[PDB]
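The data below hold one chain only, encoded as structure tokens and taken in the form deposited in one PDB entry.
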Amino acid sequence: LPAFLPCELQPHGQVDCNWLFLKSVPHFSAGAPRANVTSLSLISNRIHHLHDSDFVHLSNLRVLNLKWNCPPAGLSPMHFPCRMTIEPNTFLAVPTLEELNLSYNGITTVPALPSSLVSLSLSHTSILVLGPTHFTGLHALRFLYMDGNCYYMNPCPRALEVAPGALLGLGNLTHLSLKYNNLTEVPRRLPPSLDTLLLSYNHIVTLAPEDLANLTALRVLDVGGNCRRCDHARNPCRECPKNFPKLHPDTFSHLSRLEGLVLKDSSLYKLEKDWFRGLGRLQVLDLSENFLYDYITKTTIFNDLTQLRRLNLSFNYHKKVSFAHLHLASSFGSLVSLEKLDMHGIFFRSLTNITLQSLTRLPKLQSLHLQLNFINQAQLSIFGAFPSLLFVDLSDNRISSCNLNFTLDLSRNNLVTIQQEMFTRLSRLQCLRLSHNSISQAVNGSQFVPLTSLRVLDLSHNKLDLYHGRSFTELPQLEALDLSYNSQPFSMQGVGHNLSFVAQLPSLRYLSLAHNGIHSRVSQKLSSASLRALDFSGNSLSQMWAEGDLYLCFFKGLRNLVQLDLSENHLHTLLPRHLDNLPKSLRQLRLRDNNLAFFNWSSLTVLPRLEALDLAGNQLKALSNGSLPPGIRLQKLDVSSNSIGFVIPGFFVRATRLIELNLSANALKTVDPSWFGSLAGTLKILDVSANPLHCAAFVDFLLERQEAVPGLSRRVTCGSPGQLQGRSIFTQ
């Protein structure tokens, strides 16, 4: 048997008891190797009471997760109140414990904890008071999280109280988080060891040097969202009061090690120069959701922030307005360490050579985020002069892998016809995203002429008219072309289309024609020497193959094709005819979510290199009508989510090379070894879950091959008899 039923043993002594609806902590059998357990996860069970005996026998337990077990009223889906009781020696009985998560539990005080504890989450609990006695002897504690104990989702009448010097005994505390606690001031006398202090979304409306006293090791400080602009809030929000916030000039001046500072959503119309005196080595500055729209056009403060790597200016928009132009201050020219600049959501209508003048010669600038700005005029040629750009986001505007390569995102804009003069000075560009535009154009080879280095072009969710024979031929390096969800042209009854351009793309490897509703009046034969993968899912190959033999050889000419996706093609039948005229190079064939109630298994002989077959989500009633044929090179077979009620003995036997097999979500009543014969030893994945198994033969088979059966402990389920229906096969 598996050792820790009803939970699952994972590698490295990791026990998973998540989502088992347990009312108390399982102590397991004494025959189980309890000392081997280093991690115990009990996420989202119904344990409302913990006891001295619950973890004592787990001699080497290091991580313990009791999250979501007894959620407070506001966080409960049904608003059920919950109070969790904990006996005094519950966690003291585990002197090896290093990581404890008690979040989303209705506890009202901190329990007694062992001196070994390194990490502690008390977030989203009912603890309203922290004090000196609560953290006695916890000298190893590095991380303390207690977010969300007083806000709209987990309310309290007043606020979280952190007693002065309550945490001061925690000598090794580096990370402290106290967000969403209704705090009106920074807690007094925090540990000097802190490098990360997070106080965001409280109402700390004034600051001063004494509020951050003796915190000279501080590397990251988040005091953002403490007096907010609720015109931008998606959640409940109190408006920043008039004449606030009030930050004393010298508030941050003693924080010499500070790398990151978050001042987002603090209703700031300007910055004080004094705040950043002594923060010359600041690397990250978040100024998002403020009112700095005018400040950034004229400020001189970036001359003193020369080490800055990331600068977030996003959603610094003026209420009720967008600007005609937005010209950045000259001082941005001094940010020579700058790698990432976020300018999304400022709202401005024109992007010109003046806009980003100051940034043009910054030697290390890689990312530039200009999305969601209502830009309707964009001079795209400006980006050619930049020395180091890898990513420009101009998505979600009104203009009319690709990791580590120069990529331009123009998705979700109002482009209707592409003109080549758009792309002048962008010959270095390797990836271009034009998805979710409105491009309806008989594209013909004169649209992308300047893009001589382009390897990836995403034109999904457009209305492109595939007709002219030289489409995309002006892109010599083009390797990947996404033309999915351009269905509207293919729904024009009586107006046909031409896909002969595919043959003229000499280095194309990936093509998607997915979800186009291709059903009639189209080229009879696709061809390509280069193409490796074609996604043709979400079309009507059914209708096409019903038009006599017009489309019998539609894929034939893709003579080096390795992957073909024919999922969601309304296919009720699939003949030897059709499979024989697929390219003989084919290794992976996907046929998910078709209408196949029958499949001639002997016809798989015609696909000599087929390794992976996906028939998931069809309506097969059985695995019979001839077995899998001899000499087949098949490795993966997915027949899950069918209605398979029985399997002929010796069905899988002849598939020597078979490795993965998914029989899940079927109508199987048993799991018989005669189906696989010799394959039972060779198989590495045998999914048999979500089947109505008759629980009274199969248990000894599954236990013998238990390493190959995923979710054996919990997911492999009985269908009969009642009393065991829907429950694990090991409940008896």
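In this text, rigid core is short for the largest set of C-alphas that superpose within 1.5 Å between two forms. Positions refer to the first chain, counted from 1. First, how it differs from the form deposited in another entry.
- When the two forms are superposed on their rigid core between these two forms, the C-alpha shift of 2 Å or more among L541, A655, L311, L365 belongs solely to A655.
- When the rigid core is held fixed, the Cα atom of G631 travels 2 angstroms or more between these two forms.
- Once the rigid core is overlaid between these two forms, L61 does not reach a Cα shift of 2 Å, moving by less than that.
- A movement of the C-alpha atom of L686 reaching 2 angstroms or beyond is seen between these two forms when the two forms are aligned on their rigid core.
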Contents of the next structure:
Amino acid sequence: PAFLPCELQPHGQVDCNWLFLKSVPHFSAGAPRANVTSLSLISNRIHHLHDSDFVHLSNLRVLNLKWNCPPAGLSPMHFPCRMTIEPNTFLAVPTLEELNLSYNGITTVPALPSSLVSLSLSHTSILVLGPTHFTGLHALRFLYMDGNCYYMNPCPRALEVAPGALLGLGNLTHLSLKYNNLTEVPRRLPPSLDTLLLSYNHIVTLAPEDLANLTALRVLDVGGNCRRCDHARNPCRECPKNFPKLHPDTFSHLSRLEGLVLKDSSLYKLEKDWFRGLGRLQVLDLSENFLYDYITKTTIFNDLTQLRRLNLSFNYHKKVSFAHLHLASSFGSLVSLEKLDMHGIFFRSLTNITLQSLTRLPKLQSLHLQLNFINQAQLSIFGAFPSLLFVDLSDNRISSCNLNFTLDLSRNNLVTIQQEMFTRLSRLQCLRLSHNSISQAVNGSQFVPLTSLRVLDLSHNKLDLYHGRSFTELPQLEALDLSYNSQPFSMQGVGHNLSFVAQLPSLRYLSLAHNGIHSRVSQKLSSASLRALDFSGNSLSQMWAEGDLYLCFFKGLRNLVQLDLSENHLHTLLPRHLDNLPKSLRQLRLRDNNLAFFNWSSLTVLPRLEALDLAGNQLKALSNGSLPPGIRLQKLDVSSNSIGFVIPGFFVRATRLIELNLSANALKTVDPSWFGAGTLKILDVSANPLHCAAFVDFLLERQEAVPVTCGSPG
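Now show me the form deposited in another entry; what you just gave was the form deposited in one PDB entry.
Partners and other molecules have been left off, which leaves just the chain.
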């Protein structure tokens, strides 16, 4: 093991993260020190760097020293920490390209090699920058220095950057200076910049001289300099009235601009000239402003025709929600628009008029309308749009499947579904109706127009499933989530019909998780098409106490590949039950039951079983027969049990075993005799009271597989 206590990985990277080290490990001389190209020392306890820490690292290109010595405000305990660096610490490494010194209490910029390409000094204690700090860094392309004077990392004044301090850096393209209490753009920046992030300072005034000779700018973030603290979740200083102040020419010379962020700048309107001169503008973030009235009447969206993404979120009135909301005619052009975000504006009624302008935009794929407090939604409207893939109407008060037409209505106040809500939505493939108030008796009459519907999420509701023909109007339905509808199912003395599963010809995924199903339920679940059933969070235990009434509950699911029986209060698991389970099963999850014993031999009953998960049960040991012969098991999880010992040879027969999780048990050793091993690719043996005086050799033979604390003896 060449680099203890650190870990050798591919791409010449050495991981020393989270080892609570007090200094940089020099490593023994015999190591291949020239081979290391990357060294990560994240979140250690290193408060002092030395000339000799990285000197022998001959091909070091990436170095990460993040979170070693956080300033008092960023320290979880608020411990002050001052990181000292010897003069030639990094000069000693003339190959160094990527240096991250963020979340470290250093007070000035150290001497750096001229090879450095990227430097992060974010959340450090550096309050001053001059030209001398960046002498001869001709390769430096990225400079991060966010968060050096703000509420979480305070300074009595602000970050000071002298005029032309970075002007000598001719290769610099990326510059971030957020949360530094600035009151103006630092003067004379390198014209090479393409990204400039000055957000969350207090640059409350702006002219073209502030962005002077920065003609290569591609992205410009200036938001949060003039904030609306009514919407703030963190410390916030309100923007004075009669601010902010810009003037038309500010951005006119930025012809290469593609992204402009003006969020949280207390804007009641925009000024055309700002944009007239930005012909390349793709993404515009106007969120958290006061543009509620502006967007109803504005004509500025004409000749913003190259715009692709537009964020208008939280442009809400302080005290009210609007009755209606009509978008200006100018939104119709906007022919390049792909994503429109209008969440958090607050309007109660969504109609045909509301989104009239947007109806003909040929590329509009995403419309975000959540958190608007909408009571009434005319959903047929969405059938009119040519390119719509995602409509989010979640968190309102209305009353695979990435990359197909999806409508998210979750977190609304729907009580009954009527089929007339889905007029014009025959194209819809995925519908989320999660977290509603739906108490309807679903009887095959709710979703009739939704003929393309492939996914229906109805979790977190009160659906009463007594009719045998529930969801029968969706024979093309592939996935149905009926978890967290426990209120109907937990009714005592009331029956529950699950026969409808048999009536859904193309259903592949079903969830009945967390329903508390425990008695008076259908005796058999039948389906030829179902591949995965989540039956977690039920009381299969109590069902299997009721004689043999429920012995063949899953048997009728003929082609079932995955079954989840986690959290079913199972104190025991007979060969009986396993034998009457579909023989097609490749994955069986049994997490967090109450199993103190497990007949391993009876696994033979499931010849196809590749994945078994017994985590969180109460196994005291691995014994009572080994893993049986012929077993196809590639993944086994027995973590968080009380496993105190393992019978010799216990795993051996698992010829396929790839991943084994033994963590959080009561093991005092790890013996090879348990396996026959080399094959094994993941061996998790963490959180075990390991005694430390058989494994030291064995564990180091198979170190590539092992991703490991002693409990003994001090």
